[PDB]
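Participant: Here is what each chain is made of, one letter per residue.
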Amino acid sequence: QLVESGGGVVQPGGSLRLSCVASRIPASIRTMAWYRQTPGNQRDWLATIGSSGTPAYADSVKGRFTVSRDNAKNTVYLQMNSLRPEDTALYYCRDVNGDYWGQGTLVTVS
Amino acid sequence: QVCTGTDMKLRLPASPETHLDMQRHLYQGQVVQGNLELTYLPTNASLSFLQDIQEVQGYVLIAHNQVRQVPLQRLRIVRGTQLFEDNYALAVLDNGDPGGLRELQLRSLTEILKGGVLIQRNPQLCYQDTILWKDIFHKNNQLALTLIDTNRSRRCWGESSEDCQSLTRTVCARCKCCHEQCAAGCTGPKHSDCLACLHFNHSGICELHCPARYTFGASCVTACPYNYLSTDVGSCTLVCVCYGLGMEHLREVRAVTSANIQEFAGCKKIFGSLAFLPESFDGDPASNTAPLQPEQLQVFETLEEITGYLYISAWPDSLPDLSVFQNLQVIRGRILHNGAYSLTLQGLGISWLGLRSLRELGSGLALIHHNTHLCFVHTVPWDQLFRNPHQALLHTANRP
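Chains as they are written, first to last, in PDB author numbering: chain A, 5 to 114; chain B, 24 to 52, 54 to 122, 135 to 190, 203 to 219, 224 to 228, 235 to 270, 288 to 315, 341 to 500.
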């Protein structure tokens, strides 16, 4: 059970930072990945972050988005930058070690 | 000619990015020996690889789709050996949002031997009620569990004049009468003219039993395929010592926890699967299950062949590779995770694979994704591990 928080409406050129708080506390911090579902399309991969902390970004969003984690609160963030009208879609976090999916937080850029 | 199906039901894909690449590698150019499951496809997806499919052994599931239409034009008969929810051999569910599927287009679908039809919660699917089903379901097995929803938002499969439904049983078991061994229609009165054998296809000749040739699926083959066991009776089956998951003692065990690790010690061939999950290395507080230790994994250092899949979704962070499997040589792929994959490594954080002895994957695809530490994925000779023109390596989210 994962719940995200940090989306909403924002102006173009703005910034946003989502979160993904795990309802339970796993023994290991596991591996969480960030996706993005534009309506009508498959949820496209954005970034992944592992237990150690080494991230991996997709080609399209590399250099703009920043992914990190806080093991104290077991929350993974996705810091967005220089947002653009084409970036409005549903953003979900998945737990790779377990295939648990989030519910999504719609991000609107306007 | 002959391909194998898949076994995920309404579950989100293991890799949404390579889902279409996974499908295309499975049904590329006629007979599906399993379940045909097409879920979570984008609206612009091209499905030209499904054009030549003729028969499905299990059930046809088309759910949670966004495509305009699925082109299963020549699909003749779905035999319904396995059933969705043990009632349905065809299941169309939630195709869209609360685009979506528009038309069924199963133009040549003639017989469903065992099972029913389940069509529900389709926002924009039409012609789901103008098509008769009792003329398609076989006479012998009339378990026509039909649950069709008529709500839409927009005697034929589609609007086109080429979607004419040829009533066969209503107008002998089959006619146009057909031979007793002919399943889906016929073009003449002989036993070498029909377009789907009811029992067996002995080189174009439909017969009730194979000439004691080798029986395999629904065709009298001269010899069993590469990854099939041949028995004294004359059947090409997959199963005729150690037993892995899902084999005669662990049919309900999903992971290699600390409870069922001692029984694998000293083994040289596991007749089953090997699934590693997050709960293998952190025992639940409900039961006295000690967490698995990296030192206790050494019991797999003697394994040589595994008859099922090797699935790893959790690995001790102290271990930088899979060197505990440096003696495994062949993955038979007789049992595949989700029915499609024989080797999966997701979210492990390993720096190199280390499978120095692996030299064959008998069946199934391979997923190596979300291993953001992992190099040495391309350097492995993957084409020398595969044995069918249907296996491929699907890899994303790995180290650059």
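Bear in mind the hints are in silico, worked out from the structure with no lab data behind them.
Mixed in with the good hints there might be a few duds.
Stretches of chain B that chain A covers, calculated by requiring three or more beta carbons in the stretch to come under 8 angstroms of a beta carbon on chain A [as the list claims (entries may be wrong)]:
{"no.": "1", "segment": "60-71"}
{"no.": "2", "segment": "110-119"}
{"no.": "3", "segment": "261-269"}
{"no.": "4", "segment": "411-418"}
Note that beta-carbon positions come from the ideal geometry of N, C-alpha and C, so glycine has one too.
Participant: Indicate, hint by hint, whether the structure satisfies it.
Facilitator: Each hint, compared with the structure:
no.: 1; hint: 60-71; result: holds (count 5)
no.: 2; hint: 110-119; result: violated (count 0)
no.: 3; hint: 261-269; result: violated (count 0)
no.: 4; hint: 411-418; result: holds (count 3)
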